[PDB]
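Only a single protein chain was left out; the remaining protein chains are all shown in position.
A, B and C are the chain letters, set down in written order, and residue numbers restart from 1 in every chain.
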Amino acid sequence: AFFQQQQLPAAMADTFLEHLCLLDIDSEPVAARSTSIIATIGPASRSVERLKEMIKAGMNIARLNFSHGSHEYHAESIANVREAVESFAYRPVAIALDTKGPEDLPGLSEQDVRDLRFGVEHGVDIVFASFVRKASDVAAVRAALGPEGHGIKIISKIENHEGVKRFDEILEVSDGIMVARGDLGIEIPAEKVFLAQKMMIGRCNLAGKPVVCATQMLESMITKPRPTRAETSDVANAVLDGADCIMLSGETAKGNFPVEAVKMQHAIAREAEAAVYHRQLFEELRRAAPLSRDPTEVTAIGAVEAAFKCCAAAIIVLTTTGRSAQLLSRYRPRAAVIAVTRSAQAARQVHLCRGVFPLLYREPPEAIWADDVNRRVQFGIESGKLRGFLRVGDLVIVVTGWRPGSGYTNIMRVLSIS
Amino acid sequence: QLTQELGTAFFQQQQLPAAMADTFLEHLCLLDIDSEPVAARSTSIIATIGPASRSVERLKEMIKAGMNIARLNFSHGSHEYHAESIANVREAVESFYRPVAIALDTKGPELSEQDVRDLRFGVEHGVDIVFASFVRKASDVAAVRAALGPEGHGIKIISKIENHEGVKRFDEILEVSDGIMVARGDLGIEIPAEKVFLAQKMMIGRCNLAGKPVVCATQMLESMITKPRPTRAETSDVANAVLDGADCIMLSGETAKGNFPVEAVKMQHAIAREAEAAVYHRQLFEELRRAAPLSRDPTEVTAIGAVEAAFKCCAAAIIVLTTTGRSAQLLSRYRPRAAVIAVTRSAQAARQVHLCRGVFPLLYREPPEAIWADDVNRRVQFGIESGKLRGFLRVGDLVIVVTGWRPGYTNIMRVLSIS
Amino acid sequence: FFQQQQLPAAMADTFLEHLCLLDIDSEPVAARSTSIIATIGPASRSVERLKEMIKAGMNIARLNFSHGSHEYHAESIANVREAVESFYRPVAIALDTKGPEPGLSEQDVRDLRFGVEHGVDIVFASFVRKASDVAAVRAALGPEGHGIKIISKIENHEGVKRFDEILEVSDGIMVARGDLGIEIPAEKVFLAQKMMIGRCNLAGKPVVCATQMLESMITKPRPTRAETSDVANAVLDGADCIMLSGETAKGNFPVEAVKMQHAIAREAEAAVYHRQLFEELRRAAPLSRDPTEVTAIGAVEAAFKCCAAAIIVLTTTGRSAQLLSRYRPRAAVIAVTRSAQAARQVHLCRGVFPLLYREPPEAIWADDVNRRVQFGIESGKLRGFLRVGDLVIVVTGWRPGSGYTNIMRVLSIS
Partner (left out) sequence: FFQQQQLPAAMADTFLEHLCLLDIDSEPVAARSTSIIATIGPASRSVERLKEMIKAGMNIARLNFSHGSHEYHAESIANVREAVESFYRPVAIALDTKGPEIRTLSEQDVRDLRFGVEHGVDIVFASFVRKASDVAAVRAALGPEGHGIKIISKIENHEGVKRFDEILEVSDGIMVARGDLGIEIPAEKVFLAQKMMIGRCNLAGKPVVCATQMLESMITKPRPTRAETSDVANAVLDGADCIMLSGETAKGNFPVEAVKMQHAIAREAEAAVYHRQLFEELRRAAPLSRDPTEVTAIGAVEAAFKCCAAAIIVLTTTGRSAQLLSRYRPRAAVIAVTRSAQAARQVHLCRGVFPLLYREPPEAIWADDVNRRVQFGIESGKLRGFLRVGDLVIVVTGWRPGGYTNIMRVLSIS
């Protein structure tokens, strides 16, 4: 019966067309949902109590929209998110600051600059930078974040024709991308936006950088408890296109059904994830990926190949900054990527990456370093057992380094859960 | 090379850089918002008739915007109400040549005594197509062909898949049906809403394999009922329906009762046109090949060679002589980039082929030529003349011409240069 | 049916799996399609020997002008023509020049004049290093020799490196493994063979594999295991023609050598993995607005769809037949021509079976076309290509004269 679930008949098909023909509404998803949910905070979702239900429903990243609301307002939003998250101390939740932006203007307004200072002063994990048209706009955001905000991920919002055309140069200096379809479908003809979305997600997947699909994904749930047929389609297709993250704006910020909307995005994403045709996707991401002399990159593809060969339940990776986890996620394993880290910020930021489940390790270093490695891996296993990822008799891939400190992942081991 | 013959923009347009990519992923990465779609929109648009779309004046606007099939929803309105809808559709058509098919969508359980009277009414008024509600098995469609009776033998039956049993018994339904509607409205109530995309993609895929029309239906541009522009999810839905493989896309309340029926039709046409250029034919044609069975049907054999020929030379169009439409369906199933211009003497076949993606019907109304061979060539020039006027063909284009040797015997392909 | 000519292996989904399904019990049924070139010499000169060799499968007779006087080769030519006329299989006559032993020697020029005056069909030009070597040959053949196919022999390092400019201006290529394996290290020749055949297939231009294919049969009645391997693999690499030199020119078993090449080729041809090969030749091939090329691929696609027995093509110069052959149909290409020279030259193209039509033009052209197609069918029946009920593709044109092929028709045999 294992082979009846999570669309494995379809995953085994020999062509894409045959894989489509074998999709089965009776094949239940079993894997953990892997596409992260970004929920925009507003009057419908500011309260600590609302945020707790949203966390339980699946929210992974809380978006602050600085197009509206004072610093004081956003400061309250941030504190309420942190209090909701800590009420479960457990789900790390990242905090993303989405800039007001231009409204050939400069890459940053005076308002933008003050807003990014605020976000650094408040430890935001992510910036969604508006109206990025060229790499210098990204550099401008980086500089305004200044020295204390070097670890903040910059996700460039592509919102107009120029940003689409200069995409390669924007992507190169950015940590990731948002397909900002709201403004995009005003700035270019609305019937073209799906080409820009598909193009940008394809290119981000190739580059191993996170990509966010945003705006009106479940629009009618602002007023209705259930979405339209086009809205469920759009969520599922964003996941099939390759998006790491899917986003809610008014559905959570102001609508009448914020929690049901998060839950609806979770339910669709899980079905869509199981329908991904990994056989074609992994092979193309291989052929099109370049040779690397980087041991983390080399170890990562070896581990994903290995995971596919034994239907591994998970890949446990010890990571300090999230990078080794990102390099696993870029090959889209079906196996869950369980990222054990000591860094609370990296546990939050890896939610930018499809299929990465962070575990914040809070135990004091062991004297023998190799003993500390194994204790974190064990932490990894036990948490996976108790959270549903792992059963005794499962096979996991463990991915670790030869010495302490970031940059030295280079070891892959195959392990049975007992 | 071909740049001289066809132009220097030609290969910039139509997403052709993405089309010659070696992998699906590289194809996605090469999609280009500045590659204008030159080809004629090929996915048919079904528009549900209601208060917003009953004016003869309105219907003519809708035809111009791209409506190809008028849907009559027998869930509401008397026989007299629907007779009038049929009447106004036919007058808009003749008061202009673009055939519009007329489809009767049964009430079903809300085959009832009511449905039988509705189907008899449909034959009486010469409907081209029945959308049969809640087909759960093959016998359900036999009940429908029986109701249509002897006078209704040429009516196409498109089975609406609306619940779990329909999805589960899909293969036996498709065997006995002319086509399928993925009826997402009720399906999304009868099964969990988050599974409908699985049922949609499976059904469009299997219909594509079987060479039968498939319609994607319901809430595609819903917000346009009250808004002049659609949501980002709605445009996405239309585009992916076309990329999924759908022959037809549908509007319900958007045309039946909304305030922007004409703008909705126009928006589907614009999305469908972009999406069709973005189809990765290299993979699709190859998978349709490897899966489809060997065939000793000469018309089937000619069509695949004709489509292959069309791709080798960037044929502007495949002109096919068809009596029932079948030869044009068998071209359509290989999804040429070239328009399939189908010349037929059968006004009904001409209306019904709108169910098949990429078929542009041309009704020919001249008495046969004394010499048949002369009758063929005359219809073919009619195809070419109509094609030139409508912007399909220019002098110097290449076309593929598909005819027969005897007067269901299509079995000749000819490569022809437009004078 | 499906336990013959490796069809189980043909259906396989990958090359690995096609190989695993090759079956020594699956008998070939299609007519042998790779043409056999036999070098004429003391063992093969007599009319009586040439008749046994035609029966055995020789398609092209090679005159090696490294030895023998004009009188000697004139005798070889006349003996081939008498053997051929004794029957019916057209046999081409190919003049293989002496060459440098300076593009063209004075000797080469006299030899080429001789071959033109004697109506030879093909020239194997020795030591071709660059496009100008081919042009020289072409000029030496002069005006009366415009219709003679030039097959450039690649025999050294420069020729391999400059292969693309040689291939562009040549009708075809010979992998002249004899001198090549001396000019470059012997352990590399297989690379130059595979590259050049691959490139000739992509270009749709005939390629010949030559030299030592069955060498030990010069003295022995049976070949070695490496020799059968080499023939089978030349066919699987993509060669249009395979060649015999000493095996037929001077050895003790000329006829058996031809018979052995025939038997191997037939088995190898059935082992061709068309699924992969057609798709790759379709993909790599370039868009074309030439109606003959468009019709040809459409016709080969159609033939694969209905397991067609043959593609009957009407051709004047052979070109429409070459453009079919370049997609390697499993179906036999039956080329109906009035041109005796074209019926001989099409033997350069894998899988083309010429039929010389000698009947008088019908007054109504369209009647002449149908009579030739029918000629094609009846001969196909009598010769074993076609059973009643088979399906054939017929490829013809819209107007008289070459260059106008543009019609394809699907026909059932009755």
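Operating definition for what follows: a residue touches a chain if its C-beta (ideal position, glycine included) is under 8 Å from a C-beta of that chain, and two chains touch if they have at least 3 such contacts.
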Open item on the list: Considering all chains of the complex, which shown ones does the missing chain contact?
Closed with: A, C
TODO: Quick one: say which of A:44, A:135, A:306 or A:314 touches the chain that got left out.
DONE: A:306
Open item on the list: Among A:32, A:75, A:143 or A:298, which one touches the chain that has been omitted from the display?
Closed with: A:298
TODO: Check the options C:111, C:133, C:230 or C:240 and report the residue that touches the missing chain.
DONE: C:230
Task: Candidate in contact with the missing chain, chosen from C:215, C:240, C:293 or C:368 - done: C:215
Task: Missing-chain contacts mapped onto subunit C - done: 6, 14-17, 19-25, 157, 160-161, 177-178, 181, 184-195, 197-199, 201-202, 211-216, 222-234, 237, 260, 263-264, 266-268, 271, 276-277, 280-281, 283-284
Task: Interface residues of subunit A (partner: the chain not displayed) - done: 279, 283, 287, 289, 291-293, 295, 297-299, 301-303, 305-306, 309-311, 395, 402, 410-416
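The rule we apply is simple: only the chains that are shown with their structure count from here on.
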Open item on the list: I'd like the most central chain, judged by C-alpha centroids against the all-protein C-alpha centroid.
Closed with: B
Open item on the list: With centres defined as the mean C-alpha position, give me the subunit A-subunit B separation in Å.
Closed with: 39
Open item on the list: From the mean C-alpha coordinate of subunit B to that of subunit C, what's the distance rounded to whole Å?
Closed with: 47
